[PDB]
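Here the complex is missing one protein chain, while the rest keep their positions.
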Amino acid sequence: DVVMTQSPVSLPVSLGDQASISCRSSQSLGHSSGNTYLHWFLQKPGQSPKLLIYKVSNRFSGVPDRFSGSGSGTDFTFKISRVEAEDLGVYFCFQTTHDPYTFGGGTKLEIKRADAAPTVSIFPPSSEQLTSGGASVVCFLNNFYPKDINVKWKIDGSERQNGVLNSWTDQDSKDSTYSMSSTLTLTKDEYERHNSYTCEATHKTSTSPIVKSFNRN
Amino acid sequence: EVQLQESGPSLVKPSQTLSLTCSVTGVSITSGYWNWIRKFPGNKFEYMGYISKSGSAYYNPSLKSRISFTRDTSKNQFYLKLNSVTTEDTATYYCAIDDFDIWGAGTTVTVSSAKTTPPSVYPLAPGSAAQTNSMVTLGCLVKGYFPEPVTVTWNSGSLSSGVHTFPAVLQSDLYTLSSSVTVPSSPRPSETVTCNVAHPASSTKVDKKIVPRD
Partner (left out) sequence: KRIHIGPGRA
């Protein structure tokens, strides 16, 4: 079973910089490049795999010249001269020389852009979730950088770190930022017992926390 | 001009068999060889095998006892059948053309003994306080559902830019997800904004209109 060892797993790169992915096979995949069936695909967030490079170095139709490909016996390198924002996604090597066809573990390519603060907005529980026994307080932290970020939840002043879920979107293929949603869930009865709900986002781009809140009632 | 479409159940119980279909459009299935591929969570593909121009089938050894392929020229579809599935068979299944330059959107399959639960989508609007700039953010919460996935759109797909759909989180064997869209302060609440949430597993479809708080 040809084992495709792909590295690095994560490749942080700045816009315009050179990017390189390496892939190694436990078996020879051929001896010519026109007999060596090692290819490169890219998988964008929420899309199917796109063939970018086949036969080691043959660039597929519609693929810019920034994408390069070379190799030998068991060693193969994939390069991206000028990394652009739309190159965001995971790169996979894959061979079809031997059965069964095997893939590389994949390489997640991320862009290193400039720091940006999050745009925070807080939302009270829906009028209909309440009539259904529960109460959820959502707060969005949109388009920031870097990815690392903390969210604090204060109920009438006191911190509530129990019952909070957070989720980050994939890097934006346009501004290269991250977005995050924070959800504090409670029962309707406890929700009604309090008035003020705060959402505090502290991020590298600031010493002071961005604070958004609302006064139930 | 070729199109591939995979379909099937998004939920199967351990020990039962999985049955997928790949609808091919733009060229008869008898023109060439077709591919079956699965992708387990954590970016890990595994070639499953292929159907030949003549209906022959090659199965990846790690599956040929549970796996089975077939085709139907009249419906221009070819199928995949996997017996005795375990939670390890949980993956997004794909069918691609011979040279792998055209894949289907893929169909995600969850092997779990949990039951199917439609989501409760709630409108997320500002409390007299999403504001007065030139941009306003509205949200939509999709809660307590199972299994994956769900597809969220804004204004039937018209609102595309400024839309952030966050990954679902699993808790209590139930999934929860949210989506926000930022639009100009003038188009809203002047014009209407609605989130279209659809859940395959339950064949559910909800359209919540984001109305300002009274």
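Chains here go by letter, A and B, matching the order in which they are written, and residues are numbered from 1 within each.
Here, a contact is a pair of C-beta atoms (placed from the backbone, for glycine too) under 8 Å apart; a residue touches a chain by one contact, two chains touch by 3 or more.
Colleague: Return the single residue from A:55, A:160 or A:203 that touches the missing chain.
Modeller: Considering all chains, including the one not shown, the answer is A:55.
Colleague: For the full complex, which residue in B:26, B:32 or B:187 touches the chain that was left out?
Modeller: Counting the whole complex, the residue in contact with the absent chain is B:32.
Colleague: Among B:12, B:20 or B:97, which residue is in touch with the absent chain?
Modeller: Checking each option in B:12, B:20 or B:97, the one touching the absent chain turns out to be B:97.
Colleague: So which bits of chain B touch the chain we can't see?
Modeller: Residues 32-35, 50, 52-53, 58, 97-101 of chain B touch the chain that is not shown.
Colleague: In the complete complex, which positions of chain A touch the hidden chain?
Modeller: Considering the whole complex, chain A reaches the absent chain at 37, 39, 54-55, 58, 60, 96.
To be clear about the criterion, only the chains that are shown with their structure count from here on.
Colleague: Need the CA-centroid distance for the pair chain A / chain B, whole Å please.
Modeller: Each chain's C-alpha centroid was found; their separation is 18 Å.
Colleague: Any idea which chain B residues touch chain A in the complex?
Modeller: For chain B paired with chain A, touching residues are 43-47, 49, 58, 60-62, 94, 96, 99-101, 103-106, 120, 122-127, 129-130, 137, 139, 141, 143, 164-169, 171, 176-178, 180, 182, 213.
Colleague: Within the complex, which stretch of chain A touches chain B?
Modeller: Residues of chain A touching chain B: 39, 41, 43, 48-49, 51, 54, 60, 90, 92, 94, 96, 99-103, 105-106, 108, 119, 121-129, 132, 136, 138, 140, 142, 165, 167-169, 179-181, 183, 214.
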